[PDB]
Amino acid sequence: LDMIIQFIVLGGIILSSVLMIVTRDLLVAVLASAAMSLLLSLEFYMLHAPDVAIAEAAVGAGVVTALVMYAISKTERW
Amino acid sequence: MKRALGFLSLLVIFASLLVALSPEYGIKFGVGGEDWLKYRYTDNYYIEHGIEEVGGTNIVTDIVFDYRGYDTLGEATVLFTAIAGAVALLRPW
Amino acid sequence: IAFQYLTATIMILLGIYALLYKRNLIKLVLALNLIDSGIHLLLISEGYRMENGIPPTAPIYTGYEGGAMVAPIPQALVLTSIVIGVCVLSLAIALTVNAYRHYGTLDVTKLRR
Amino acid sequence: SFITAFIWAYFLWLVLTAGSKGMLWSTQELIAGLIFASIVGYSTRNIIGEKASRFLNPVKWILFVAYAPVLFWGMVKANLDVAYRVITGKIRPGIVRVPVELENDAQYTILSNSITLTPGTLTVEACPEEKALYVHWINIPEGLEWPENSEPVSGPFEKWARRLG
Amino acid sequence: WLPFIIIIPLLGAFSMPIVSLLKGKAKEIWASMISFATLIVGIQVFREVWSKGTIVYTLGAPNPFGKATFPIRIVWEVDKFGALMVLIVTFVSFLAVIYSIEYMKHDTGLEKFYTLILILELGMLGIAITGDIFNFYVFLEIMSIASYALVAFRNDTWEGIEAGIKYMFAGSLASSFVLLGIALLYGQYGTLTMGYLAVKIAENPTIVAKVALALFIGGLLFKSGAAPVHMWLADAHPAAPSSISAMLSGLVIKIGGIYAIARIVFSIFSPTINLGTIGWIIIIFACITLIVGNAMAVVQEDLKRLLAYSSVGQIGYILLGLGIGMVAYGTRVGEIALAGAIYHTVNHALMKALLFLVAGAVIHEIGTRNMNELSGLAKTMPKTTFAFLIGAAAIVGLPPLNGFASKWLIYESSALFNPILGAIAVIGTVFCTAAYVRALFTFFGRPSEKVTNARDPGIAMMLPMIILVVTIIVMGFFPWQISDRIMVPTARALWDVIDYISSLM
Amino acid sequence: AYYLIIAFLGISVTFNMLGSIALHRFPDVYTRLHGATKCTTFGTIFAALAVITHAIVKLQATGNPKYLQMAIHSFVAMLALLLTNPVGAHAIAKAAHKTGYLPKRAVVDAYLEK
Amino acid sequence: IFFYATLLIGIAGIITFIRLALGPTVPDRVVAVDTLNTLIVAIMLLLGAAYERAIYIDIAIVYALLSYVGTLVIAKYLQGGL
Amino acid sequence: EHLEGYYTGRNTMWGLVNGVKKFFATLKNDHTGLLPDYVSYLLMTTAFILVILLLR
Amino acid sequence: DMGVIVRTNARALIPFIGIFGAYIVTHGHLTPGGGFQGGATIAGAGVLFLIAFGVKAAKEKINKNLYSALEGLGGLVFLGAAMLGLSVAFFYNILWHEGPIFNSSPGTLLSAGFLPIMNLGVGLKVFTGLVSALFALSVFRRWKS
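Chains as they are written, first to last, in the entry's author numbering: chain D, 14 to 91; chain E, 1 to 93; chain G, 2 to 114; chain A, 2 to 166; chain H, 3 to 507; chain C, 3 to 116; chain B, 2 to 83; chain I, 59 to 114; chain F, 4 to 148.
The following block holds chain D by itself, in its conformation from the complex:
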């Protein structure tokens, strides 16, 4: 059963990366960047590595998005 769930997650990561690099709004790009880090954190949970999952979610959720939003506030958004 384990392989099937893992193929679902590894299918999600590629589509988030494509949607992040294609689009033209910066805000959609940061939303895709905050979805990709989550779908990578769940995979680092599936391969039995908790210590990397905590650091991955704690960096890619709370700090990266809140550091990029001041940057796109102080510059243009399109």
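Check each hint, because a few of them may be wrong.
Below, in silico cross-link-like pairs of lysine-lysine (PhoX-like), each with a Cα-Cα straight-line distance of 20 Å or less [as the list claims (entries may be wrong)]:
1. H:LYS385 / H:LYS452
2. E:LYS2 / I:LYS79
3. C:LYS96 / C:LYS106
4. H:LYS202 / E:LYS28
5. A:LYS61 / A:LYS78
6. H:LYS107 / H:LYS29
7. C:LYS100 / B:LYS77
8. H:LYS25 / F:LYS67
9. F:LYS67 / H:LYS29
10. E:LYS38 / H:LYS69
11. C:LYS68 / B:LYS77
12. C:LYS96 / C:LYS116
13. E:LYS2 / G:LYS111
14. E:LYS38 / H:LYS202
15. C:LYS106 / A:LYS91
16. E:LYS2 / G:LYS23
17. A:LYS132 / C:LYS96
18. H:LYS381 / H:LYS452
19. A:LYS61 / A:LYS160
20. B:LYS77 / F:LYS59
21. A:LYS132 / C:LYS68
22. C:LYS100 / C:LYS116
23. A:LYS22 / C:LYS68
24. A:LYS132 / A:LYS160
25. E:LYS28 / H:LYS212
What the hints contain is simulated information worked out from the structure, not anything from laboratory work.
Starting from the known structure of chain D, arrange chains E, G, A, H, C, B, I and F on it as the hints suggest.
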């Protein structure tokens, strides 16, 4: 111009690395059985004799603070210069 | 080939592709973050272990029951690498924000000497 | 107001670790709990405070249990109604102002989150000075676009949130 | 007596923000002292390694072996060639810290500056001292991060945040090829060290063992002035404070870029692969670099950009010697060139530090980068121009100075090897003579209207000049004594792999 | 006493499917947010509580603290999700109303008058 | 028994991620993330008992606190401040 | 009307200065200053060394 | 500078993040967690404080000096317990091979040699680093020059 050759070189290095990770010519996914003592022997030593060398029942926060401690010192120095650089050039003019 | 390896390699190719044909500078910074995430995903996936009969638990030894314990070397490397990733991210954001107050646009093809 | 932050930190420490010395707490972990909850309490004592020690009164606490089933029992009738609106449902949406008659800021929170969690409603922009809320209705039945009191909007949640404070 | 090269710079760096609360000038006089002690410890470790032995060191147990038969801990190996890099990086660093007291004092926020300049000469020792393959990546990263943060320091200028972005977004890509190489070289062999990996590499060659070398060298060739990838240096030198460019043209090019290639070809990847392939792969970039670097170093009009393009053409000599030193293994011809490409690193570091500090004084005094408007500078600034005259005569090589015998070895090696590459070298050394003669004739002229109101610098901007000139004159009286006692036995212990992996055991 | 496990898992998944299915059914954003917030935050409750009944039964067979610690550290996550999700729903709803957005088929709108 | 419901929630994860792909506006796209976070919190509490090891649960309580600040930053951005 | 650096007042066979200027022109305007030039150069260098090392 | 409900839930949640972020850092021998993982979480608490209350209420509650001297003081302790066993080798862990205090049985607290001291050092470093990095961005100067 140049960037067409850049993309061609990207395709070449992609195909070569894809040849590398294959189980017919190169590295192996999902090791187990006999290959665990031929390709991952050092990790077997860290699992076996890990408790009574250091103390502390975890393993990942055992080899990152006791055996390979010097790399964590280098990592902390990296973060210290990151913060010094990211504050020092963000000052008023 | 297995599938985790193939997904990580596609992530590296999309990162280096977006660093060539894209001109908005924040999108370059996100591309660098994508490359580092791809290498990390490739690096943990080669410690995973299948004994063909025993499920692979994680190596912690607080209530260890019947289970193979996967390779506890690469996770130290990945923690030490994520710290450098957030380092480079912070300094690139600082320098990019500071670059807007010297000319108006946010393009990478209008920087000459 | 060191004492409130100290108690609310140390209780969470002491419920968070309950597996040592067989099952009880420890003989040794409580001291580290004291000093770490003391650092956490002294570092944040000017934000959690300001007339916030009234929640240490034990006669409130049993009252919280008296609020526990109703918020649950109204929640079951929420999602079920959501099911009825998905399979061939009708919708009349609107944003309706509600003249709530509270004071004493924190009570405005407990009335607010119970609107967006019970039968069907949504909360937007609770203003305290104008003494009202702006609730998004999904049904708005038959000419109640400008309500007198919050009887058609919530149930009896304003009476519970007028207490607890 | 060799943990004290990492303890003292960490103790200087982690203790600077709590001694800047004295709010006066203690924030400099602590840095100068804590940088001066490292010179003493460097001299003593140089003497200890040249007395006897190839000393290994182990962090933890007294041996790198538990109840096993393969290394566990992190080991250090400081054989005869790393000792020169330890001895020469702790010298220009002192002479560039005691320099910038009078320069860089009109500017603001120089509390972060001294801790960054102390991290620079911390992440550059550990590349020399180490013998582990992953520790190399962290110590290559420290140097790169603080070198990003020292270029774009004057943030309010028009192009200080224009060189920083160009160097950042390409260096942070070139420094991830190395990490992919380490990730791809772990999972095939299984150990993470530099001595015991050369044992395991010998039995089972793989396509992994060549993939993980190709991009491995292609990454380390970006941290140099190799010929297609040399453009970041050319605009990282004019956009810098002059105390930085003296410690970036002389040192960081030839620790993270030349020493690393020499170490990871001559020690890990050389019981198995032909050296004759890697020799002809390196030697092509050595021949593009000479012409490309010294051809457009004569069309210039700027002063510091001239020195930037003259410090990328001297890298071609080092790559040519180090390239010829592989297609010929142990003989007489290909042994005197590997010996002829070590001595040129230490000479080039000394004379290029001397030649950037003087340009810093000139550009600080009158303030114009252009070299055409200022002429007759030696009428009203004599000592500075004399220092420039010695530092310009020492590059091309005149026989009373030390740049002669460092280059005669590469000449006779490339002439006895093949007679085409000698002609390439002679072309490359005609063009640099043309460049420095032209820039010399612009300085002895009639005093122009922008020069006449000028003076000399003080003492603490003049005292390093004396020590550098005395060093590279008295170093030139004895050229053929120092080329047989030190730098022939240095280069003989580079292809001496069996004693390396045997003293590890 | 195994029937509680099957019943709780069934109710949990039949409300999570109903929550995430409620996006290609409603016209406008608000109604969409009115479906996803109320359902899933409910259904996840019957996730976590269905672990607790699984835990203490295994505590009644063999006494060991790894099964006692599990129940508390699931209850804490239940409480954290409970008091952090609807505030996020408020913030996204009010941030959505500003910059445009008539709630398309609005009968009355008592917020534009300011 | 604890694996089948995980695949059943993964189906809802597919049908939720397929909303973030399209979506005519920007504020329609954030409710997909706000659903998907609580779905993944629902997943990591079921798998922590399928492996029968009780230290994984302490990840989920970490994750259910930081998606909140990730929501609030974006909402405060297009709400009007900073 | 002061003089700049002009250290040439001679022409050998007067058939070499044209080739030297045609050499310096292309090399002078190669250095554009755009970031994809940097990235494409190191990419093709890596591919060149890889292709040579696979064969011999 | 947000509404009313968000500000009171900041009042309720900031100690709930703080005590849990100390729980992870303290139990680094036993559970997953440790140095950096607990470093980022308290920084997340600081981000929630800086957003829910605003620039005005945060400017005169954060000073530059105390969040700069503690970035260094939390590093020396990392070299504090790294020079103890220097009569044998560089680290060598002399609190375990007969040290006085951190020498108990390897299941509980106080177990390993000098690991709790290093985890406290790294966590105290990372929290002050990330908070002082983000606060200096949130002020920066202005959108226009």
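Results of checking the hints against the structure:
no.: 1; hint: H:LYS385 / H:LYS452; in the structure: 19 Å, holds
no.: 2; hint: E:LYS2 / I:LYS79; in the structure: 24 Å, violated
no.: 3; hint: C:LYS96 / C:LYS106; in the structure: 16 Å, holds
no.: 4; hint: H:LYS202 / E:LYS28; in the structure: 17 Å, holds
no.: 5; hint: A:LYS61 / A:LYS78; in the structure: 27 Å, violated
no.: 6; hint: H:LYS107 / H:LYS29; in the structure: 13 Å, holds
no.: 7; hint: C:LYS100 / B:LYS77; in the structure: 11 Å, holds
no.: 8; hint: H:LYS25 / F:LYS67; in the structure: 14 Å, holds
no.: 9; hint: F:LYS67 / H:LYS29; in the structure: 17 Å, holds
no.: 10; hint: E:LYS38 / H:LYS69; in the structure: 18 Å, holds
no.: 11; hint: C:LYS68 / B:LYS77; in the structure: 41 Å, violated
no.: 12; hint: C:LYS96 / C:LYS116; in the structure: 14 Å, holds
no.: 13; hint: E:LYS2 / G:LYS111; in the structure: 18 Å, holds
no.: 14; hint: E:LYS38 / H:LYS202; in the structure: 11 Å, holds
no.: 15; hint: C:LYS106 / A:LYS91; in the structure: 15 Å, holds
no.: 16; hint: E:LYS2 / G:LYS23; in the structure: 15 Å, holds
no.: 17; hint: A:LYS132 / C:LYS96; in the structure: 18 Å, holds
no.: 18; hint: H:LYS381 / H:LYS452; in the structure: 12 Å, holds
no.: 19; hint: A:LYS61 / A:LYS160; in the structure: 15 Å, holds
no.: 20; hint: B:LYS77 / F:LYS59; in the structure: 16 Å, holds
no.: 21; hint: A:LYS132 / C:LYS68; in the structure: 50 Å, violated
no.: 22; hint: C:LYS100 / C:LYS116; in the structure: 12 Å, holds
no.: 23; hint: A:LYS22 / C:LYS68; in the structure: 13 Å, holds
no.: 24; hint: A:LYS132 / A:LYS160; in the structure: 16 Å, holds
no.: 25; hint: E:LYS28 / H:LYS212; in the structure: 17 Å, holds
Of the hints listed earlier, those the structure fails to meet are numbers 2, 5, 11, 21, in rising order.
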